[PDB]
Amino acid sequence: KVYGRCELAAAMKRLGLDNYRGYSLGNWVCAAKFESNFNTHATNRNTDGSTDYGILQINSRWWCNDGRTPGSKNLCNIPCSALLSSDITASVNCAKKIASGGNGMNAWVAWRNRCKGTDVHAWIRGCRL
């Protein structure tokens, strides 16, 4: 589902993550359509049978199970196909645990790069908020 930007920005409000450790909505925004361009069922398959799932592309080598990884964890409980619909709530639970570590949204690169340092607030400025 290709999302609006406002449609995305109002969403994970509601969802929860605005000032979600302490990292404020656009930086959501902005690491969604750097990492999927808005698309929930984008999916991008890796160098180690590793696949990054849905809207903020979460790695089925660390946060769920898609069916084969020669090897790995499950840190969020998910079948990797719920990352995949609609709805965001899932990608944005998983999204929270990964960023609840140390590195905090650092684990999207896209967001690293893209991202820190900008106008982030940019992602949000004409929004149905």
Contents of the next structure:
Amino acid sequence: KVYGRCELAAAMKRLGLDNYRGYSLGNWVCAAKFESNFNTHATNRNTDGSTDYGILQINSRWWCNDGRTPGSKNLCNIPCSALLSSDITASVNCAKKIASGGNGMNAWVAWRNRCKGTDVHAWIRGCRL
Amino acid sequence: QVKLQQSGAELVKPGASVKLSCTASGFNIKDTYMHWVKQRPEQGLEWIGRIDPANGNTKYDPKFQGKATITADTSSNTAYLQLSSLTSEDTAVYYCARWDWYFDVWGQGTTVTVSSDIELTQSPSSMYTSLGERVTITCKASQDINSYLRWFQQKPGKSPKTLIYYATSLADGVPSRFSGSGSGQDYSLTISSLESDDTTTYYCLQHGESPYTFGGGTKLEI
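Please could you give me the other form, the form deposited with the partner chain bound, since above is the form solved without the partner chain?
In what comes next, the whole complex appears, and the chain from above leads the way.
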């Protein structure tokens, strides 16, 4: 499904990303916008055979199992199909892990190119929360 | 060819200042956090701080704030470490590093010679093992959150290598023989048949809450 920006902001804040690893809520909302255009079914194939899944484009090499990624680690311990759900619980809980490796949100390349350093607080203005 | 070239062994008098550098190649530092680590002559690892070079924001272990300052210059791809009022306790090897799931890389280190809070407990401090024995080292904390713990292996004279990520996942290229376990506060590293390449010092690092902290280490001897 395609999330609306404020509804995604509310579910992300409820699931604990506001200020997770010091990154304000607007960062995660902006990330979803540029990684998948807020579409929970988005998929993106990589040259290393991995695929990026869901609203936060979680990579199949290190985070979830898709059975077709060659040297996969399934740190999140889940099938990638579970990252394609309308329910973002599993993607947010895996995204938390992704952000805690010592490098912040830098693995989300579209975040890095489109959101980082920008006025990401704008992505949540006009939202209940 | 991914790398961090550390610039300069130095000898200084008590009270002097030194500024070290760490230039990277293969990746832009603006795209990362750059961490600095201290290691005294027969002692353990200590996290000093990190810098986010894209915006210059830094985070320190409060004990180093005022003595060590991290700085970064993105056009030169270089991160720096400035140390002030140097004393006997500052004689150490200082590494820069990029920590990222399955992408850890460290500089070769740089020796500085001065010449005139989560607790990680590592057991055993030192041990003698045999040629095909089963070894289990442990690491106990004060609630590491779920498994934000790295296992590093350091050989005499080399930068530490990462063996385990997220407590139980093997690094790329690490032999089958190694394995990690636990969640919560209690973690372990097991080597089934100790191979001869395994003689070294093992350290656990918690990156679950900031200031990142290291266990005291375990020297395995064959």
